[PDB]
Amino acid sequence: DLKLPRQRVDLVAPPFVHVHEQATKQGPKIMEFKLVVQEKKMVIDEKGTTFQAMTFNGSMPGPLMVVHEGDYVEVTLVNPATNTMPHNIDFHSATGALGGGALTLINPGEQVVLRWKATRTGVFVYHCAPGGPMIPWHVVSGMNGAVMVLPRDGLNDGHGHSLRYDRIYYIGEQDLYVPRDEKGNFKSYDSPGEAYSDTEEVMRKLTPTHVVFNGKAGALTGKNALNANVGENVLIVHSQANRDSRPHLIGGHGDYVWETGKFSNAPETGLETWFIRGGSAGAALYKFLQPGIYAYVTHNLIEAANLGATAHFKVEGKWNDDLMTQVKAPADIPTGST
Amino acid sequence: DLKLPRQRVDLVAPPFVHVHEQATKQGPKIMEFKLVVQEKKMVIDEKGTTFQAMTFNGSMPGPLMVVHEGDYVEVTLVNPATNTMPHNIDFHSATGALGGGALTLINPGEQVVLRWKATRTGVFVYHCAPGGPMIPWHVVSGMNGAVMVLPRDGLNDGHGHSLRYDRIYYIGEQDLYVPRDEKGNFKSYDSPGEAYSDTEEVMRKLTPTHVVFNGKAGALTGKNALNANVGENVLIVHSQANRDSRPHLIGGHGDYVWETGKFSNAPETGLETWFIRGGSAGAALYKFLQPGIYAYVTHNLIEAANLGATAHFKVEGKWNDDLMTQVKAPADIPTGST
Amino acid sequence: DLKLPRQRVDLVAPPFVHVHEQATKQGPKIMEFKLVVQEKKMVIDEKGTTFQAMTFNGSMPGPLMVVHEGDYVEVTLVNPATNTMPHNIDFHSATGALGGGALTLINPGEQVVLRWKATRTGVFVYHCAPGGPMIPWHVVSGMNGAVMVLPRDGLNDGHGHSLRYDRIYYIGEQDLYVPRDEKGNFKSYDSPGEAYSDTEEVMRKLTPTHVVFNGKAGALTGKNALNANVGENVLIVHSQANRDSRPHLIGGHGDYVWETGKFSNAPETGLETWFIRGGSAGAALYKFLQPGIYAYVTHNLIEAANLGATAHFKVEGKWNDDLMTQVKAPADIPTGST
Ligand SMILES: OC[C@H]1O[C@@](CO)(O[C@H]2O[C@H](CO)[C@@H](O)[C@H](O)[C@H]2O)[C@@H](O)[C@@H]1O
Ligand SMILES: OC[C@H]1O[C@@](CO)(O[C@H]2O[C@H](CO)[C@@H](O)[C@H](O)[C@H]2O)[C@@H](O)[C@@H]1O
Ligand SMILES: OC[C@H]1O[C@@](CO)(O[C@H]2O[C@H](CO)[C@@H](O)[C@H](O)[C@H]2O)[C@@H](O)[C@@H]1O
Ligand SMILES: OC[C@H]1O[C@@](CO)(O[C@H]2O[C@H](CO)[C@@H](O)[C@H](O)[C@H]2O)[C@@H](O)[C@@H]1O
Ligand SMILES: OC[C@H]1O[C@@](CO)(O[C@H]2O[C@H](CO)[C@@H](O)[C@H](O)[C@H]2O)[C@@H](O)[C@@H]1O
Ligand SMILES: OC[C@H]1O[C@@](CO)(O[C@H]2O[C@H](CO)[C@@H](O)[C@H](O)[C@H]2O)[C@@H](O)[C@@H]1O
Ligand SMILES: OC[C@H]1O[C@@](CO)(O[C@H]2O[C@H](CO)[C@@H](O)[C@H](O)[C@H]2O)[C@@H](O)[C@@H]1O
Ligand SMILES: OC[C@H]1O[C@@](CO)(O[C@H]2O[C@H](CO)[C@@H](O)[C@H](O)[C@H]2O)[C@@H](O)[C@@H]1O
Ligand SMILES: OC[C@H]1O[C@@](CO)(O[C@H]2O[C@H](CO)[C@@H](O)[C@H](O)[C@H]2O)[C@@H](O)[C@@H]1O
Ligand SMILES: OC[C@H]1O[C@@](CO)(O[C@H]2O[C@H](CO)[C@@H](O)[C@H](O)[C@H]2O)[C@@H](O)[C@@H]1O
Ligand SMILES: OC[C@H]1O[C@@](CO)(O[C@H]2O[C@H](CO)[C@@H](O)[C@H](O)[C@H]2O)[C@@H](O)[C@@H]1O
Ligand SMILES: OC[C@H]1O[C@@](CO)(O[C@H]2O[C@H](CO)[C@@H](O)[C@H](O)[C@H]2O)[C@@H](O)[C@@H]1O
Ligand SMILES: O=N[O-]
Ligand SMILES: O=N[O-]
Ligand SMILES: O=N[O-]
Ligand SMILES: O=N[O-]
Ligand SMILES: O=N[O-]
Ligand SMILES: O=N[O-]
Ligand SMILES: O=N[O-]
Ligand SMILES: O=N[O-]
Ligand SMILES: O=N[O-]
Ligand SMILES: [Cu+2]
Ligand SMILES: [Cu+2]
Ligand SMILES: [Cu+2]
Ligand SMILES: [Cu+2]
Ligand SMILES: [Cu+2]
Ligand SMILES: [Cu+2]
Numbered sequence: 003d004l005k006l007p008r009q010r011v012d013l014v015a016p017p018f019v020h021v022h023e024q025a026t027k028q029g030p031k032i033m034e035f036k037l038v039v040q041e042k043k044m045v046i047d048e049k050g051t052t053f054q055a056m057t058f059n060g061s062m063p064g065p066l067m068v069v070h071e072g073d074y075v076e077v078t079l080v081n082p083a084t085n086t087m088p089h090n091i092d093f094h095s096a097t098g099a100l101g102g103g104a105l106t107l108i109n110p111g112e113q114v115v116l117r118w119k120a121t122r123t124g125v126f127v128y129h130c131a132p133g134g135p136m137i138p139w140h141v142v143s144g145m146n147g148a149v150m151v152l153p154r155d156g157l158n159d160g161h162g163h164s165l166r167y168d169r170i171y172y173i174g175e176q177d178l179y180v181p182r183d184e185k186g187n188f189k190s191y192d193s194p195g196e197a198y199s200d201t202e203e204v205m206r207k208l209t210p211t212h213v214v215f216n217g218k219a220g221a222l223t224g225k226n227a228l229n230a231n232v233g234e235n236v237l238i239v240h241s242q243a244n245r246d247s248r249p250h251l252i253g254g255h256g257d258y259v260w261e262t263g264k265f266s267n268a269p270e271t272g273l274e275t276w277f278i279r280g281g282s283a284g285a286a287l288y289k290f291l292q293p294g295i296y297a298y299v300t301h302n303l304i305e306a307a308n309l310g311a312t313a314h315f316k317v318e319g320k321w322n323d324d325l326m327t328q329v330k331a332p333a334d335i336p337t338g339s340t
Numbered sequence: 003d004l005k006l007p008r009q010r011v012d013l014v015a016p017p018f019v020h021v022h023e024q025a026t027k028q029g030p031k032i033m034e035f036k037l038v039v040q041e042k043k044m045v046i047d048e049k050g051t052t053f054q055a056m057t058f059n060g061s062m063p064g065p066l067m068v069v070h071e072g073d074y075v076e077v078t079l080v081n082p083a084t085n086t087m088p089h090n091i092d093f094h095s096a097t098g099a100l101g102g103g104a105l106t107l108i109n110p111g112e113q114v115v116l117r118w119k120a121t122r123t124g125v126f127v128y129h130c131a132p133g134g135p136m137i138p139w140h141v142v143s144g145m146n147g148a149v150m151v152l153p154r155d156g157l158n159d160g161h162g163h164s165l166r167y168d169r170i171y172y173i174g175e176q177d178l179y180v181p182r183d184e185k186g187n188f189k190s191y192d193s194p195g196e197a198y199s200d201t202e203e204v205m206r207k208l209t210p211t212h213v214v215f216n217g218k219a220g221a222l223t224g225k226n227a228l229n230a231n232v233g234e235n236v237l238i239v240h241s242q243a244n245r246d247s248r249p250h251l252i253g254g255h256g257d258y259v260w261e262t263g264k265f266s267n268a269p270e271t272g273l274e275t276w277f278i279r280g281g282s283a284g285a286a287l288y289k290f291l292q293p294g295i296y297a298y299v300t301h302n303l304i305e306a307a308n309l310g311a312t313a314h315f316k317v318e319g320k321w322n323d324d325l326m327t328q329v330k331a332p333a334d335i336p337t338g339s340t
Numbered sequence: 003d004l005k006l007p008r009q010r011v012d013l014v015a016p017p018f019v020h021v022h023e024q025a026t027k028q029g030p031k032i033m034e035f036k037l038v039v040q041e042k043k044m045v046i047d048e049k050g051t052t053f054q055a056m057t058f059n060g061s062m063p064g065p066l067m068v069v070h071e072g073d074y075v076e077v078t079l080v081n082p083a084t085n086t087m088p089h090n091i092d093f094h095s096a097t098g099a100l101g102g103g104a105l106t107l108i109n110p111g112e113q114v115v116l117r118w119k120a121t122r123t124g125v126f127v128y129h130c131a132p133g134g135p136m137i138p139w140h141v142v143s144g145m146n147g148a149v150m151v152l153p154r155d156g157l158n159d160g161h162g163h164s165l166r167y168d169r170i171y172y173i174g175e176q177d178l179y180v181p182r183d184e185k186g187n188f189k190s191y192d193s194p195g196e197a198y199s200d201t202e203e204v205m206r207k208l209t210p211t212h213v214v215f216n217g218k219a220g221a222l223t224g225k226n227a228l229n230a231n232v233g234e235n236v237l238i239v240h241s242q243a244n245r246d247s248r249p250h251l252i253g254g255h256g257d258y259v260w261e262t263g264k265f266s267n268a269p270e271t272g273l274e275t276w277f278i279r280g281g282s283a284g285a286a287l288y289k290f291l292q293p294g295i296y297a298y299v300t301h302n303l304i305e306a307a308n309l310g311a312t313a314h315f316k317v318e319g320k321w322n323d324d325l326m327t328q329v330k331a332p333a334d335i336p337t338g339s340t
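Each protein sequence line maps, in turn, to chains A, A' and A''. A prime marks a further copy of an entry chain. Each position in the first sequence, counted from 1, maps to that position plus 2 in PDB author numbering. Each position in the second sequence, counted from 1, maps to that position plus 2 in PDB author numbering. Each position in the third sequence, counted from 1, maps to that position plus 2 in PDB author numbering.
Keep in mind the hints are simulated off the structure, nothing from the lab. Check before you lean on any hint, since a few could be wrong.
[As the list claims (entries may be wrong)] List of simulated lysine-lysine pairs, DSS-like, C-alpha gap at most 27 Å:
hint	chain 1	residue 1	chain 2	residue 2
1	A'	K185	A''	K225
2	A''	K289	A''	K225
3	A'	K289	A'	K225
4	A''	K207	A'	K207
5	A''	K316	A	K185
Excised from the complex, chain A in its bound form:
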């Protein structure tokens, strides 16, 4: 019945994004994606703490899907028989049936195919939602990602000017609730089901033990810093499926920010810190003006520095002393000073 060209997309692991056009002159297509659920123990912090994760495509976050307004998105969700739990998928971009959740519940050994029309532009969360208490559990165990629905003319500034990014990164932020023993040491388990009761008790107190980007403390620092160059316009998509965040690029700004994440609304300009509501994605464009290291954080700095929520950008280029300069390097305070 639906007679449109079909196009298979190969997803890539975050923070990278599969290839796509910004502006397009192609008409609507059926964009075909496959997500494979993987339950697995994963390392989440720099001390080697593990937890019983549940993922789309083996990553936290799940991969970013990119389509254009008016495309149809045909998703094959697979739940391998090595998994232990039922799973499903809810797209916040989609209309009806609990975002798809009511049409995608699959037991281990099953797959399902859902199609939804991309009628709403923006960045949106997708997440598992099997029912009842299993909804938060699967989400905070890692089963969430995002989808971006671009206007067919690409982004604009809400004032009639086109905006184009040179690079895009997807930062998925995950709140984790890892059980502790009586002495405060993190507990380990042999399966997600075994971890559940103790995890739920932590969840109920609404205070994460870890807040991480790309699935673990330090994931996007060091050798895995995000690259850019002076002069490049970078789109930073940020999602949080369960809990609020307040992104900030240390040493930079958000030139154009859609903190609620929806491209039918004009962006705000020149922000220091923006706000991702739990259960949403947002996006910020920034044109780098200075080389060096930038930290990208949630600006609850306890979370950023002590719970895992810091990424780095490494930006190549030439320093601009007009924007900032060290007029005098550290020196002893003058004895004359009063």
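Chains A' and A'' with the ligands: place on chain A using the hints.
Frame of chain A, contents of chains A' and A'' with the ligands only:
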């Protein structure tokens, strides 16, 4: 001195709203409302937990009041002699005297009459605020509701087009702080005063034991789901007098959202999840496009599924396979699959 | 090389603000500021609790700096040899080098001079950020303030009309994490370093013990209430370097609010409660219409009343009975009443 027609309004219990006009050609009136404080033990969760509530008109939230810009609102607040505490009322819609609180403190056995001019459009919180530590206590014990001040031309989209709702619902969200004994069981008391000291200790740690709509976990699910039909534009007013929330309609969107709640500002379009600042009301319009069950949550999913903060809509009509369809029902993963 | 006039600014302690022009016809200048770090034990609540604070210029918050777009800001940061820790400064208003942090690390007995160009309008946080876990620690120990970069034409309403304030106040909100002993009593220490380990444990649980304006519970109540007069337009700048807040003026509104704090964006009108993202400053203009006491709070009322986060305004002038009046004072409920 004030020579305007008077109109008595009969309030109705949330989530329903008393009858009113959207657009009106009536001039300003003195709109007369009565609120009666009721202290009573109430059931707040599906396991039968009770707590010593304090209410306007016997409900959590208090009822939604609806007037138009330039009306005067004349409120008789009654504190029956069966109550134990003084009470008052602060309207965030009002100008002066701490929103009215400084003019409305009444002991049991007293009533007072306050008039305020509806100079500011939007949805607004009202709440009790007796003074000092009693302010948060009375609020988190249930003494909060909302008022909507409509423009006399009704709502608009901020771009010169009228917006009209077919139905309106008021969702009051309440954070509760129920004491526990040493084993974790919820404690019961014979009066609000007896509950206070233990409740304050819970409050101080800023983590609710329950987060509920319409006064209890499950209040708006099952037989009390909210009704709508495909094609109807529904206004969902959401308030939170003490603590942030992030509303989300699962399977839907916010077509037009005033998350800060004030109609002099253009709404945002096409949101997935919006944000109600503690101490405010906001509102979202959505036109239903698909039948079935929708969950309406705060998108901290722990709160939603595990602390009580889920409502349902039951929407009648015909399914639109163009927007969403199950292309292939759950099936065994092909043996060929790699 | 940079050949512009230089102008030394003398800072003043919050909540007051150093003298400045709104609109100016002066061209760009090098505006010279000095900040002196002071580590000291400070009283933070009305029961006399102390903690080992770290400050810019001896105050929490640090003082508000005011410049205009296109000015250069040349800051001498001094770390006296009586201090124990290294310190630095990150300006969210600045571009490059982690906001300046990477160019300003000074040991006790040193000073440094940083210049940054004020290319971005709005109110912005500045804070210490020495590296790693020391970043949140120094910030939540008090080392944060704000800077305002005004357009050279002053403020506007985003619709072509000038806005001018008669008074400005800077409210810095500080979340504090004071250790407790086994019985719940707050602990005291002889130095910041001695307090660190126990403080970090409190920080990790993300629940402040105190939330204060101007450095202590009650700082801006009583004799230190903020003054205004009926008819005056007051700008209230609010910052929070680490944690979200939801400001509300009890009995008033935000006539024009830049909750994200950046003057290139039109303000929202007529808000009840606004939202300061942790890691940002915002600002609200209000024209007082009624005399009397107003409370200014974060509208988590537990925080406001029980953790310290209430300020007062005392407003002189004549009461307007048209906006609000007590129609009937408290009286016994009529025996006839049903
Ligand atoms: O012996 C515990 C010690 O080993 C580490 C090694 O990296 O991790 C082990 O214990 C953690 C806490 O139970 C588990 O999360 C992990 O699976 C296990 O390898 C340290 O993190 C830990 O302190
Ligand atoms: O807004 C994008 C997309 O939403 C649809 C519904 O699929 O329309 C919604 O939003 C419209 C514009 O705000 C409303 O007029 C409409 O009533 C509502 O359903 C599409 O028609 C539109 O392209
Ligand atoms: O945090 C409580 C208490 O637990 C200990 C181990 O007994 O450390 C645990 O907690 C730390 C904070 O989350 C982690 O860094 C560590 O991996 C974990 O074992 C104590 O060191 C701490 O005091
Ligand atoms: O890219 C930052 C990197 O560049 C170096 C020179 O190789 O210094 C530049 O950047 C500094 C600011 O971080 C400037 O103060 C300096 O003048 C400029 O040359 C490195 O020192 C720095 O790590
Ligand atoms: O015996 C306690 C058991 O009874 C229930 C019955 O619905 O509730 C009682 O105890 C609760 C916890 O103290 C009270 O809140 C309630 O008032 C009382 O009826 C169960 O909830 C509870 O576990
Ligand atoms: O804005 C609605 C209503 O507010 C009043 C005061 O009661 O005006 C306020 O807002 C105006 C428009 O933003 C400001 O110009 C004015 O100074 C401020 O008091 C009413 O006059 C107005 O209708
Ligand atoms: O939550 C702590 C601990 O308390 C127990 C009773 O000892 O359950 C209480 O807490 C649950 C979570 O809030 C409630 O569902 C229940 O109504 C309440 O009695 C334990 O079951 C729980 O482990
Ligand atoms: O209204 C939802 C309700 O309708 C039924 C048919 O009575 O199925 C419709 O809705 C489904 C999506 O929830 C579609 O997949 C189906 O094709 C459509 O007929 C019920 O199954 C469903 O509960
Ligand atoms: O004896 C403790 C008692 O004295 C007070 C006096 O104002 O404060 C002392 O103890 C506090 C808690 O340790 C310290 O913060 C403070 O430095 C010290 O003067 C009371 O606050 C306290 O309960
Ligand atoms: O926006 C104020 C200020 O920012 C600068 C960079 O220092 O420009 C940024 O914002 C512009 C307008 O949004 C973008 O066009 C530009 O690419 C971005 O760097 C200044 O040029 C501008 O005055
Ligand atoms: O809050 C726990 C418990 O501690 C005590 C002292 O044992 O009080 C402390 O905590 C109060 C709440 O923060 C403070 O008002 C007080 O300054 C502090 O000593 C008990 O009174 C309280 O029950
Ligand atoms: O400024 C408030 C202050 O003024 C007094 C008179 O001196 O009363 C005025 O304000 C009241 C509202 O707070 C009005 O109800 C009253 O009619 C008006 O005169 C004081 O009572 C009040 O503290
Ligand atoms: O180690 N994780 O269960
Ligand atoms: O059923 N989900 O675990
Ligand atoms: O400026 N960043 O913490
Ligand atoms: O049972 N409530 O006190
Ligand atoms: O005085 N109020 O409980
Ligand atoms: O999509 N709702 O959790
Ligand atoms: O008393 N402060 O450490
Ligand atoms: O190094 N800062 O404490
Ligand atoms: O209206 N203030 O709590
Ligand atoms: Cu799942
Ligand atoms: Cu969701
Ligand atoms: Cu009350
Ligand atoms: Cu209030
Ligand atoms: Cu410092
Ligand atoms: Cu910062």
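Hints versus structure:
1. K185(A') to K225(A''): At roughly 46 Å apart (the allowed maximum being 27 Å), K225(A'') and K185(A') break the hint.
2. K289(A'') to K225(A''): Holds. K289(A'') to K225(A'') sits at ~23 Å (cutoff 27 Å).
3. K289(A') to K225(A'): holds, 23 Å
4. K207(A'') to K207(A'): holds, 10 Å
5. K316(A'') to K185(A): violated, 51 Å
Checked against the numbered hints given earlier, the structure breaks hints 1 and 5 and satisfies all the rest.
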